[PDB]
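Complex shown without one protein chain; remaining protein chains in place.
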């Protein structure tokens, strides 16, 4: 449901995610990371699959943040892939991939993988 | 490097995607796949880092496709993270995560992972 | 430290891991999963990097379980990659990959990825 996803969310590292889910399955917003070579806010864009199922399944979504803004440029990008679960305690559970641009030679070590869980605070 | 990301790309599986790269880091276009509970075109949206570095590195980027359109709804979304490299043969090398919406009981098995290499050939 | 890793551990799904760390960096034991097409115990083998650093870094380790035993055979195998962290509350935090054998055609969907955290109970 766009509505339930729309809002302010935080994860265990202390990062802030501000998102608006549109009618057409779109996600746009900003991300404020607490870690890495990233200073301030960064623009994020994603999609979410607007017609989930009835049942108590989660809504699948994903989004991307390129770590470049007017203050910094980390030459890397992260994509988060997960599910939105609503209720009194709404959560977004994800797995992410962080890729840094590298030379051919170090490409075998350009991607990190991990997972993040977000808790909603505001709409 | 340069506009170069913009265009039509193909992968091993036969999938095709057409993208437009904007001067400020945005990626927009459509994806049509060859495998899964997918049928037709789907919208894709992503980002790329508009200012790569100048030690022949690739340009980091990522994009998402929710698998729902006017014909099908597979209740899943795929994200591709990787880097673009130009030259006589430009390619995008990625690793992807495909998550399906499940009930909590099946959450442990909701995400698949793989890799895809796209070329304009 | 072999000693700290040796013991009985459980994760959030309710699975049991029994392991012995040997002097030479080896891990051998048994795994009892709570989920999947897996019934009973399965043999596990791994390695752990026996000389970590001084500092409060974790000890890197990994192990494999092939889901075939005398009662079942799921034609799949999982590998867990993580770090052991000791202290009063010793934990093993991992990320795993589950691969099922498939035909060439469905190979794009043969691997699942996720994460597990284990808590020690016994030595």
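We call the chains A, B and C, going by the order they appear; numbering starts again at 1 in every chain.
Just so it is clear, a contact is a pair of C-beta atoms (placed from the backbone, for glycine too) under 8 Å apart; a residue touches a chain by one contact, two chains touch by 3 or more.
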Interface with the undisplayed chain - residues on chain B: 95, 113-115
Touch list for chain C against the chain that is not drawn: 24-26, 43-53, 55-68, 73-83, 85, 93-104, 107, 110-111, 113
Sites on chain A contacted by the missing partner chain, in the whole complex: 13, 35-36, 97-98, 108-109, 111-114
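Here is the rule we use: only the chains that are shown with their structure count from here on.
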Whole-Å separation of chain centres (CA-atom averages), chain A against chain C: 28
Overlap residues in chain B, where contacts from two or more other chains coincide: 97-98, 111, 113
